[PDB]
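A single chain comes next, written as structure tokens; it is the form deposited in one PDB entry.
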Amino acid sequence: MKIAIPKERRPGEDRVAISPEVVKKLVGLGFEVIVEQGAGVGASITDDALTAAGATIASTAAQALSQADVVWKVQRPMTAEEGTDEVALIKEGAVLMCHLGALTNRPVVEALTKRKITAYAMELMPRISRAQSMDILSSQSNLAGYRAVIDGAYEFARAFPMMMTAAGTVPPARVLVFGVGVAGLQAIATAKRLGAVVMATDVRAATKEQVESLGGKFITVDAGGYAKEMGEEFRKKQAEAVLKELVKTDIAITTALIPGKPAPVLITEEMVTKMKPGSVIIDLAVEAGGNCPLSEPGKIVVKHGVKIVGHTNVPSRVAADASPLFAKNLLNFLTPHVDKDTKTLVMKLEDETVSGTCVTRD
């Protein structure tokens, strides 16, 4: 049985669905692993390293999928009309696994359904506690929260930590993070490391506890693992005490998300207008609309003295760490169905880890 990992061809993507460590494990399971030459250059994972791990190197992407029984990718294949038929490379009848992005990418789903291709959308993984090791949203969110503080510190013209000096005291940056989920918790941690006083808030009440344990203060207000819309009534009661802290904030990171619905606006243009000049806003929900209407995907926007950052595919900004983890999420999702000496795959299906994910098993 063969498995192939191509180089990511989408604009920006520097991640790759593989690492040396993950090839070793794949090999021991009876898989012949072919990786595309130069595929791990953006993640610092060299060709030399993958071979030593037991895999093989393919000259072209086309050669990589040519005889692939299973294909692993980070981002969804570019459909024929997207500028280069990748779905057309993946050998017919094989299995694909990646952040296909089901829901919003209906076409790519049929192009695969026509090539008699079985694809698994890793971003639809159930929120069950035994799947944390295979959840790509989490492994990437986590890094995104780190990179947010980094990107914030970069764009910020002041230093993060307090330092009492012979020339006077440089006060600590004051950070406020809207949305204390995975990305937000890590944003709090990394921020607390550089010495900033951290402020946070979330609708989910089970948060306040976590925030206080990391070292931050909780801005109190007032599903099966997440939340939904709160109503105009709340949003207004929210910007209440938030104000008190938002007009004293230097870095504001927004990570709020709500499935199937537009990202919740938490900082209006009327609020950014009140932030200290030189402040920075890191909008992580930018690709779901954004938590601040001023943010625009892929670029930094300065408006009213505040810098509003909205990079896209932030996880790729942390490629070398993001990739190993991504490759492992896939390994953890596949490994449980490789019947030990037979070299053949069968997706349980009774196991919701295969059902909640399989979009087209044509």
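Take the two forms, superpose them, and find the largest set of C-alpha atoms that agree within 1.5 Å; that set is the rigid core. Positions refer to the first chain, counted from 1. Compared with the form deposited in another entry:
- A 2 Å or larger CA shift between these two forms, after fitting on the rigid core, occurs at just one of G195, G93, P107, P259, namely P259.
- The rigid-core alignment places the CA of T79 less than 2 Å apart between these two forms.
- Annotation for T118: C-alpha shift under 2 angstroms between these two forms, rigid core superposed.
- Relative to the superposed core, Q238 undergoes a Cα shift of 2 Å or more between these two forms.
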The other form holds:
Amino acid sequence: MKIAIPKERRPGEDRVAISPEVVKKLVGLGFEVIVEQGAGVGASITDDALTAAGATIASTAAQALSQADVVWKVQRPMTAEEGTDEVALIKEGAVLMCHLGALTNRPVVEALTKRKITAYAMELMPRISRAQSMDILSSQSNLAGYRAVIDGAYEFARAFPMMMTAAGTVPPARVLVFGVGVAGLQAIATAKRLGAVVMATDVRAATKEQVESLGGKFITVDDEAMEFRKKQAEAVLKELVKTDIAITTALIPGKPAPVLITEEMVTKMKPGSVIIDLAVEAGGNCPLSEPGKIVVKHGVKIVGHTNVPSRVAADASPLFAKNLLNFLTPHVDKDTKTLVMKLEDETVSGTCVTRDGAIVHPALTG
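Okay, that was the form deposited in one PDB entry. Show me the form deposited in another entry next.
What comes next is one chain alone, with no partners or other molecules.
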């Protein structure tokens, strides 16, 4: 049938739910790809290469979504209550795939329900081996972990790699990563290859091996040797005091970001240092960070860019488009141009929020 990709209207969002490679696969699956013009400009995907792939181009958002049976985008559509009614543009009875942020945005879920749209919130994807090719949570977080180091390098006034020169030697930059999820792992990797002396810490003990598997050095109060062991934060502080760049990636679904660096701590740090808070959009792991800006107090540049993945939209996007496609492909079929989502498929039952006028997903008080 017809599938369409619009441009991302939310401010500071250069990603796009499509890519040349994916157009061609969609076409191949019997689809009629349509994408709003200039929807991939910020991701370096031109309407030229987008058509050259098998996709038609539409003049406006309204025109692209117009009569599409399936629609893809990265961030949840904007509601009327927000200034722009994109959900209104989606055809009644259509299918929508994107990062809805459903369990945290009851309004959009409802907005969609009115129009009898069927929405699959990609972020709710089940964690199950055969779906890792469908996980947008890790594909994006991974690039953000990479980005933190790059942003950190950028704001730091010294080189990362140690350098012995004729004029003398300059020591390596020292990095400290809080939170060893995907973002933090790629962070350690990126910092180390650049040449930094990387340290890492994370409340989940199983972390030590992971960290070491990248060349890191897990921080542990091993006076002991794997009452209130709460003075673990003293081993950390010991390292944070020698740190140049500190990258904090601790995040909890549906709850505020857990403070990982007290201001009381940013004080004990050395001038010139920088803290990258990838948790800023959720309160931050560091209470001094402010959504969208680089604040400086006690001599530390506490960086807090929002939508980090978008800062790598050229790669972020095609990955994201592959996630969408891998999720969809198993349901397209003969009928030789119809898609059916077997409710038995866990991938479909845990991702679906509302279907033909009725919020279905359990967690959504209905």
